[PDB]
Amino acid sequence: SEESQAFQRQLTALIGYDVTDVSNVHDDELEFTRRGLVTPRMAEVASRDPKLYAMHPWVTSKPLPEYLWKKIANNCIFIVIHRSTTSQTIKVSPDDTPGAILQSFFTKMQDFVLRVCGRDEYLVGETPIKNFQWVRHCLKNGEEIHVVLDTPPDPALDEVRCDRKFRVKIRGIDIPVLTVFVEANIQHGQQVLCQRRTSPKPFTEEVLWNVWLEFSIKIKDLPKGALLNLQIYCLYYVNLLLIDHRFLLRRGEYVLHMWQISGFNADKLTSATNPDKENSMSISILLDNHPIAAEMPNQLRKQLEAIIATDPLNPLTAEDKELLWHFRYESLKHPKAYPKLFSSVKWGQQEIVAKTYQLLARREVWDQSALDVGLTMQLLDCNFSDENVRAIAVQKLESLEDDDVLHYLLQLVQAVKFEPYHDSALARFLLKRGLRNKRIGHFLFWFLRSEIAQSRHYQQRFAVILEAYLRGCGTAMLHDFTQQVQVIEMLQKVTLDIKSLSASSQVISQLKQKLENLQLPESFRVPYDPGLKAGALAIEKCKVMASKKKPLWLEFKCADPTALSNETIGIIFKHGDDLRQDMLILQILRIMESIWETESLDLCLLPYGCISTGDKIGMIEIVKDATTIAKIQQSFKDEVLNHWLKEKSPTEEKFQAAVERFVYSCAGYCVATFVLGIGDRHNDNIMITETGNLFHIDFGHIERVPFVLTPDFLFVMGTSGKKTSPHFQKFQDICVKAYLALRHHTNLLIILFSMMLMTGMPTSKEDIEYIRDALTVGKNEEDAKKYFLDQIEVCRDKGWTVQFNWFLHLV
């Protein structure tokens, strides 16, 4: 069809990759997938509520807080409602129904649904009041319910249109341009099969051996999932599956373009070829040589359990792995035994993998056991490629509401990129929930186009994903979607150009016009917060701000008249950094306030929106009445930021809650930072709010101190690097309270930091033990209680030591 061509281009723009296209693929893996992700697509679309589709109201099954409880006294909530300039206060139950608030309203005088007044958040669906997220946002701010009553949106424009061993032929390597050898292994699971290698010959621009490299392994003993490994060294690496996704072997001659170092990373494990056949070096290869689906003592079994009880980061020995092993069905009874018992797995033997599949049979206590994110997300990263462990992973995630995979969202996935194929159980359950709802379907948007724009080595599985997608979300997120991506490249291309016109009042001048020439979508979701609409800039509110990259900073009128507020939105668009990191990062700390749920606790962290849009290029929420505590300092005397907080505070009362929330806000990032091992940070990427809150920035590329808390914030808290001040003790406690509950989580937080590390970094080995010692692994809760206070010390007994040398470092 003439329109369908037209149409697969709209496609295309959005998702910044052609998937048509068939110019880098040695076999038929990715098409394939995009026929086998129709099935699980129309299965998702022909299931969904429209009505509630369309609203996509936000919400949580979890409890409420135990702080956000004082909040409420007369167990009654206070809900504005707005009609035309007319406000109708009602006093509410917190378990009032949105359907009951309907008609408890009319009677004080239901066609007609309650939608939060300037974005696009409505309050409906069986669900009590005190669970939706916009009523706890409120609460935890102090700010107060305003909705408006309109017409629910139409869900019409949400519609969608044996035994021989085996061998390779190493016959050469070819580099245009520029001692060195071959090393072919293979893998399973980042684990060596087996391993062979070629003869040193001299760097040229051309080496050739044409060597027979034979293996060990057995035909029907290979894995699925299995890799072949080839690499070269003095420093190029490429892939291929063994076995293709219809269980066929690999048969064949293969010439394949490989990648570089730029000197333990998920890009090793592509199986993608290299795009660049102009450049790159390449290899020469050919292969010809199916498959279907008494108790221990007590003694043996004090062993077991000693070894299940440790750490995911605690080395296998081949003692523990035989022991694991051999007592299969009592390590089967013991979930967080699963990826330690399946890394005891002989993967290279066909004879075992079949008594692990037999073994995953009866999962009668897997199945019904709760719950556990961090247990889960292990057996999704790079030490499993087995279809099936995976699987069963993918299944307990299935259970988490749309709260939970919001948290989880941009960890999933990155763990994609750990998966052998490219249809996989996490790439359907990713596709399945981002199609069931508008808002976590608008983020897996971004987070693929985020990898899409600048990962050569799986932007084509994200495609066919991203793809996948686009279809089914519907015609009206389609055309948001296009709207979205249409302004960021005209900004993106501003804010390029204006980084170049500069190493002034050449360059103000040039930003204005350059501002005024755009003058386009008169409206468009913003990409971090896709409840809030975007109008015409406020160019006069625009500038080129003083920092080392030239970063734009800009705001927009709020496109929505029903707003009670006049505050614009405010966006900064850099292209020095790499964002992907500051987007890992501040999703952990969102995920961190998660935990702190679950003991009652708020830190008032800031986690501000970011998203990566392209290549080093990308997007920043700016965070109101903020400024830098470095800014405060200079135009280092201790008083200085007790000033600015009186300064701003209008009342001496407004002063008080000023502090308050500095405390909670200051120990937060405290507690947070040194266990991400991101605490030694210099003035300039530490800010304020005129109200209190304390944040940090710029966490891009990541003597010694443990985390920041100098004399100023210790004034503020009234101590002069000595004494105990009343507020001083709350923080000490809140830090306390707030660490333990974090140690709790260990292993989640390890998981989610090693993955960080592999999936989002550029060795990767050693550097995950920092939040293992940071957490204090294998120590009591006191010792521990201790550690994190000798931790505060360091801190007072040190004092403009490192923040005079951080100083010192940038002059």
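Residue numbers count along the first chain shown, from 1. Whichever C-alpha set is largest while still superposing within 1.5 Å between the two forms counts as the rigid core. First, how it differs from the form deposited in another entry.
When both forms sit on the same rigid core, the CA shifts between these two forms reach 2 angstroms or more only at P202 out of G252, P202, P561, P315.
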Given for the second form:
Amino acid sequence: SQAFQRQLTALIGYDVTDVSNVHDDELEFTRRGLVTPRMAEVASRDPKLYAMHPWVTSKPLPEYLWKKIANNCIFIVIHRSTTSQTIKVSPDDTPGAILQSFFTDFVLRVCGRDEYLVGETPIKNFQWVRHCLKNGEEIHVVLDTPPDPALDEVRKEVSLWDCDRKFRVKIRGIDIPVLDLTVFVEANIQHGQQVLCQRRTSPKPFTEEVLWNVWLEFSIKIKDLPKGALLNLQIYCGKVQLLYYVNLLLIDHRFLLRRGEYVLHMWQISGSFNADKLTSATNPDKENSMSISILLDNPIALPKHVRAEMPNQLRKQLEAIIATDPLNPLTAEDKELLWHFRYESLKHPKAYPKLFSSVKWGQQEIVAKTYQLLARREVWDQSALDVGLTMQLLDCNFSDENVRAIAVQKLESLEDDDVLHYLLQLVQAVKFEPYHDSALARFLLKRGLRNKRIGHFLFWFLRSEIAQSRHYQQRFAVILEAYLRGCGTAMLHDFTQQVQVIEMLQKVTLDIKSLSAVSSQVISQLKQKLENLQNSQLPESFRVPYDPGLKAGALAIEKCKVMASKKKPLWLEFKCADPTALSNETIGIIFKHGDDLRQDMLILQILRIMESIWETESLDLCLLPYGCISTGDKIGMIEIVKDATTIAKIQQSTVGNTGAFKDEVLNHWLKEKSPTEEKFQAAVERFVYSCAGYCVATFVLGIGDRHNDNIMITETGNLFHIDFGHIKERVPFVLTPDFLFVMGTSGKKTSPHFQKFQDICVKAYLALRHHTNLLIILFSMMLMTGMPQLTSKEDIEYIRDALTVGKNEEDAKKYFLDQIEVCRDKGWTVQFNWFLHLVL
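Starting from the form deposited in one PDB entry shown above, please give the structure in the form deposited in another entry.
Below: the lone chain, stripped of partners and molecules.
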């Protein structure tokens, strides 16, 4: 009976039915809330297409993949059992069109993977194909029986506005079970990051109990409280310093004004725009944490719901405002203009964030007018999707549901490919929702239930935060529960196996790490533990979390290692469970405790967004954003990139443990890995592109100044950065004399390959700059939701500079070409300084 819930709790990693840490019924309301959305998508989804989850795209096939074709000819090696016949096919052939061509019912599965080439889309539009064309590989499929939908079967089942009183809250006091100066409470009525009204208590002495018994009357009227308003209660000591915070929605999920006695356990601060500050969750640590005691009282329920001509100077002023970037602050004058010309502004979708930031949300008549304005949103509805613009409306500056819902409206038009690109940060954006049940929450729910791949990643992203965010685990747990109740028994069993496996592996990771105080004569224990796991405890096979097409099989005990590191990560290799796998390659997974890999997920995901941006300008910069999933507290997994070594090690081989750093070694290493000259210059060009990619991407992100035992290269020239969570003079990025000699330059010269590198960099850079807004917002979101450390205005404003906002294109070329030159001017000075730093 309720054994199903026990399953779901183990899958979720948090007890959703628990009510030990609630002061209302919002979470439970949201479970019931999501039942319909879950049922509606579960009932409406095509069961066969959900069983095979064809991964496809409507983006045009890029130039770089077109130029790799032999005139409407892609070869597809089909497999029965023994041999395999090849078939010339047009890029535009549907998989049906190929099946009747081969027959000269069944379906084509990719060899070694849970991936199918099925559906009414041309074969150029399946990702697996575009992947094979990119890396220069042959397309191997198998004539297979379709999977039964049965396997996916789902186990079935007084007006606030008539109230002119000033709002007020009684502060009874604070109590802390264990703590020498004074302390006061600051009560804020918030909407977004905007403080509407503020009041303080008198300072009393900071004893383990402090009582005030004071009515704080606010300047705002009850009628003027907008939905999603937050009573943010804060505690300072003293000169002042913030010690604790908690929040409480003043208008609840049923539109009722919040009333009665509350005892709210509070969050502490580390020794600032952090998403965690926004949460409505209270601290679950009742025993240790500070708490505050309040009383709301007056049942009051909130009701549900000009010409456009102007002077020339004002039109220009307003257009100038509408044009500035998302982090340019609006002045009082700017806001007043936007709002007066409300309806002119409404015609420009790009005005929307700014205009909805010009709304006085603490004034009921103005919010009414704002809603009348959202009634007139034809142009918004008609505009082509700008994700950049849409993401801004979903960030911390917008707490109003109707405003936010129009963002989620635009997201509905995203094809499944693009939801995958933005899914991590859409899931992170749930952190900005005032309520647990939101348009965004349901959007993620339904897109996830509509598609096994979004669903798969949705699970791990949500679970990532449920395992290590007390601030948001409750909300996300509710959402994930909603998902698991509609994903199908097949996936429930998949997910179950994966969690079982990663818990086994993380334990071994944690235990091996305990047995070392940097080397290892006890790689004995590791191999011993892995043998014990593989004997009746680890399953025959499991889906690889960061690449769900791949199923892993038996471990390769002999190939598994621990690193001569401080954090002793594991290096695990598995046999692919799929007998149809044509490769011999193992599946390689690193397990690391010690870094916050949520930071790594975000940077790696932004790198993908960059790649996708580049694809729109027909540029490929061969970035290698390897798989990475954060699975728990300072713990996670990383996709092992095969045939790859660090730059440091290439230097340690032809020099030693010293900074002697020869300019020549990398090219030497490359030359000795390339078998032919055909592949060497291919390697070298692959490296010019890689290097350019990572110089630009890392510069824009402000993570370009790196230790070179944290930059790797494949044996085919593909450079890539690693260890992003690891983050006296500096440098823009890493373009060292070793890299420059592969490009055929030295000290103060130029070359064919180097001139290209600049040519590629400048294109790439200016390319990202065409999506300035999108990047600025993802960067702000990234910091706010994933780096508690780095969330001051100054931190967030780094990317304005790096993307040379306001500058013309030609001037931006001159900026970056200078950045490049700063590296030429520094050579090994920083690298060397890193050696002296990171080795003494």
